[PDB]
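Single chain ahead, written as structure tokens, the form deposited without this ligand.
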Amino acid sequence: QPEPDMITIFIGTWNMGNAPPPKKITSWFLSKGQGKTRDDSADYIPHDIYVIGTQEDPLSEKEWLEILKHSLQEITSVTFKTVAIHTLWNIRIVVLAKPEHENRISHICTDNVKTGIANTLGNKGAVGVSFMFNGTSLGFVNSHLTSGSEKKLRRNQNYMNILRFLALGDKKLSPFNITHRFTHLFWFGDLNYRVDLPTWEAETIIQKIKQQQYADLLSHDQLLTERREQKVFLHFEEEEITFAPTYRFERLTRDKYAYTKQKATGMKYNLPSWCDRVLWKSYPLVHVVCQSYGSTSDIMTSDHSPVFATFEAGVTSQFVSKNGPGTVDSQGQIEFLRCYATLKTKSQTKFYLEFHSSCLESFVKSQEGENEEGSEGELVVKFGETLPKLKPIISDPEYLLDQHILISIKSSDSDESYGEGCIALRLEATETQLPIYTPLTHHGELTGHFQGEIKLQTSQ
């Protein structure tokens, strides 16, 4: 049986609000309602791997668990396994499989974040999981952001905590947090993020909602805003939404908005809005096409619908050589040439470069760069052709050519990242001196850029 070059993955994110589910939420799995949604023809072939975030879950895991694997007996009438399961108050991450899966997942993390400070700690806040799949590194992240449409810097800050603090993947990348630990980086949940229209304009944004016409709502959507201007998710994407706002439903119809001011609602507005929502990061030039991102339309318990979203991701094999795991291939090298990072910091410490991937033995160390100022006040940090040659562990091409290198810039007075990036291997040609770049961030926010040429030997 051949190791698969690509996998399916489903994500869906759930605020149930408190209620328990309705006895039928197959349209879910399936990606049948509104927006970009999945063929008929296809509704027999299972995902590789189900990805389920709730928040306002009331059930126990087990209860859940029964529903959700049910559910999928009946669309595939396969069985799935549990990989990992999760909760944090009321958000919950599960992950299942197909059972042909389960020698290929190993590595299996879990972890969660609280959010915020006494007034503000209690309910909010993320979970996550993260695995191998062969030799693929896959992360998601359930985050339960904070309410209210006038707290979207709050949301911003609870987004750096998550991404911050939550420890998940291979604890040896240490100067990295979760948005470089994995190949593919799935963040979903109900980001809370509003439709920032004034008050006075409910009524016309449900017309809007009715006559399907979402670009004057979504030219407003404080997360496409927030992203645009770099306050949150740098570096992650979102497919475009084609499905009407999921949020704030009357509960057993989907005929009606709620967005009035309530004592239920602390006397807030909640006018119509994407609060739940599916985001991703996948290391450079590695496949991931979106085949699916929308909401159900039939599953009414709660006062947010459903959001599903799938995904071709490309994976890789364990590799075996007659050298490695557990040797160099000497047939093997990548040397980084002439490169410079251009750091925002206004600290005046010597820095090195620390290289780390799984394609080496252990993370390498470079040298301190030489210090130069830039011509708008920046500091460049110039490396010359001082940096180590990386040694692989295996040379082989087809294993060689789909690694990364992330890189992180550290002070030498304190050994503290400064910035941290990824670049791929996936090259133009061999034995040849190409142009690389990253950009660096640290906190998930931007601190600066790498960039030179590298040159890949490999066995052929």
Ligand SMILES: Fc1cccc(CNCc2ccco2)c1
Contents of the next structure:
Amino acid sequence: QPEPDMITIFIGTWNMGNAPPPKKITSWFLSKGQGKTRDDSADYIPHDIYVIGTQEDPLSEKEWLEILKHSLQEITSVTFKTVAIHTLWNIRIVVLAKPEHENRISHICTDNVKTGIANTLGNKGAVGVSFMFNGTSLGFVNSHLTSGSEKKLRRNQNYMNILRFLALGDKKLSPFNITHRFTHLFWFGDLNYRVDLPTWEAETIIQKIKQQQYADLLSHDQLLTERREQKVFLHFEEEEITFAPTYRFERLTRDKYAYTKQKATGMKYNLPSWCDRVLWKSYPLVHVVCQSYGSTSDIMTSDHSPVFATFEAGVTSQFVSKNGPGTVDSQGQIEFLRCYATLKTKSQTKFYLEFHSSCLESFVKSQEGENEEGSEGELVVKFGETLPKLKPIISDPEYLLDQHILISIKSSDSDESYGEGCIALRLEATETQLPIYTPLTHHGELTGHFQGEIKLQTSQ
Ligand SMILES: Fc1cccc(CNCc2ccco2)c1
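Take the protein just shown as the form deposited without this ligand and give its structure as the form deposited with this ligand bound.
Zooming out: every chain and molecule, the one shown earlier first.
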């Protein structure tokens, strides 16, 4: 039975409003309702992996797992296996997989991050899961960020704390946060970004929503505008939103948005908003395609509607050769030539690189670079042809061209990373000098660039 080179992944996010779900929630897992929806002809085809994020979830883990598994069994006639479940307060993630994948999944990690201090610590944060699916690392984050139209900056801060402190994936990737540890990272939840229009415009916004005219609302969505200004979710993707705002509804119908200030809201307005979102970040030149992104119309127990997204995701096999794993294959080499980092830092330490990849036996430290001044004020660190030749474990081009090199530039004085990035080995040619590029980030914010040329030798 052949190992897959593609899987499909379902991502759900639902803020349950502290209420038990209705009897039937199958529309969620079927990607049916508003937005980019799934074709009826696929309804019996199971996704390979289902990842369910809830917020304000009132159920026990046992109670929710019985509902989820019985829902999927009814849709697909498949009894899913539980990969992982993790709950922080009322924020939960469940990962379910088809039984045929049980042998393919390993290295399962879970973690959480509590956001805020004192006042602001006690209910917001994130939970996450990671695992290996054959040769492909997968990460999932469900976050419930700070509420309130006025608190977009707090939400951005919550995002940076979560990516800094959530400990998922391979701990040997010490310089790298979750935004570099995974082939595919999905980040979803009640992100709580709002449509930033005046309170007086509430009824006008509702009118627009009834006409299905979302353009002048989306132009004011705080997540889209903060992303466009590079304040949050740098280098993540989101499918276009084509569904109505998913918050704040009167319960037991979807006919009414309940936006007016009440004692129960702390006297805050909740204008209709796309609080509930799915974003992703995949390594360069890996197949990832969003095949649905939408909200259900028939699950009405909460003041939010559930959101679904589905993806095709490229995966690779657990490769064995006569040589690696367990040794190098000397018919393989990676050379980084005429490379230089451009850094936004004002420090004047010397810098070295680290190259990390599961195609290497262990990470490789470079010699220090040569620092020069950039013409517009910046530090340029030149590496020349000084960089160590990387010795992959397997030389077969069917393996090596699917790999990635993580790069960290580190201070010689402190050993702290000043920037992290990723280079694909999915080259147009082998045995040929080709341009390479990655932005460099630290704590998820842009700190520089790394560029130069690569020369890849495979056994072919
Ligand atoms: F999908 C899953 C659901 C539950 C557990 C696991 C872990 N399976 C580990 C393993 C054994 C042999 C090869 O891989 C996977």
